[PDB]
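Only one chain comes next, encoded as structure tokens, the form solved without the ligand.
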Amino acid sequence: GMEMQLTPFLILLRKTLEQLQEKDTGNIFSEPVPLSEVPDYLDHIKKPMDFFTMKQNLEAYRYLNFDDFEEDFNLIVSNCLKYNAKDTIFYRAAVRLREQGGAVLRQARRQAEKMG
């Protein structure tokens, strides 16, 4: 709302991004999928996303609401489910990350709501 301040909001997103990365204990989503090694990746995936790209977007002031930040985290998970077969560790790690990251985002959303 009209009382929310830029700096406190961005510090909340920086802490939330660190918490979401802490849940990716495999470091699967740290960096963009390398297209030289996975050349069919963009056949399936229209908007690649990863935690490094999210950190760049955050520090470029591209996240000015909570839902745009959440949408990019959800894209990390949804892209992994789309590309990888259900029997893979990567697919099951993305399902887990959706669960654990959802809990991180619920606590962070309460802090955003208290900024008015």
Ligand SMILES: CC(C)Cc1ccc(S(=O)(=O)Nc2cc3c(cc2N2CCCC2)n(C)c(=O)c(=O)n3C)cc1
Contents of the next structure:
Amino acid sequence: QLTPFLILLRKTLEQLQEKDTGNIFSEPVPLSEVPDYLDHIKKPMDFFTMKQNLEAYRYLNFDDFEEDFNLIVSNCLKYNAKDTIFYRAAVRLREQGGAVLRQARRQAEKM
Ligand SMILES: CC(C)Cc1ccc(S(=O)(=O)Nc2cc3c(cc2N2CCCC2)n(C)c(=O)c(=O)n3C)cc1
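Complement to the form solved without the ligand: the form deposited with the ligand bound:
The next block holds the full complex; its first chain is the one shown before.
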């Protein structure tokens, strides 16, 4: 159950959600509100879905965790026009969440 790596991934996920101060990536993009979303985005991602994958043991190395974080950003940049709050927020999350992942990957390395 509890492993140091899974505890580290929990801490890191918390740290990334902290940077999404608007909570706009906290849950899946509401498919009812944007029914064309799945025509552009093959694999939606969000922080709640990441928590679901984490607790279901779907991340066994830091790479796979980071790959899902990257989808939260790249999905948002891909779907939204550049001059939008969403697009700008994904850029901000890319920068701020990148710093989070850098220091968390160091801890995953020495494990
Ligand atoms: C001017 C606006 C910022 C005002 C605004 C517009 C639409 C909507 S919403 O009801 O459509 N909800 C929504 C659509 C998203 C989205 C995230 C959300 N939420 C879920 C709850 C947090 C915001 N994200 C992350 C995307 O990347 C994306 O492309 N979309 C379509 C919500 C707010």
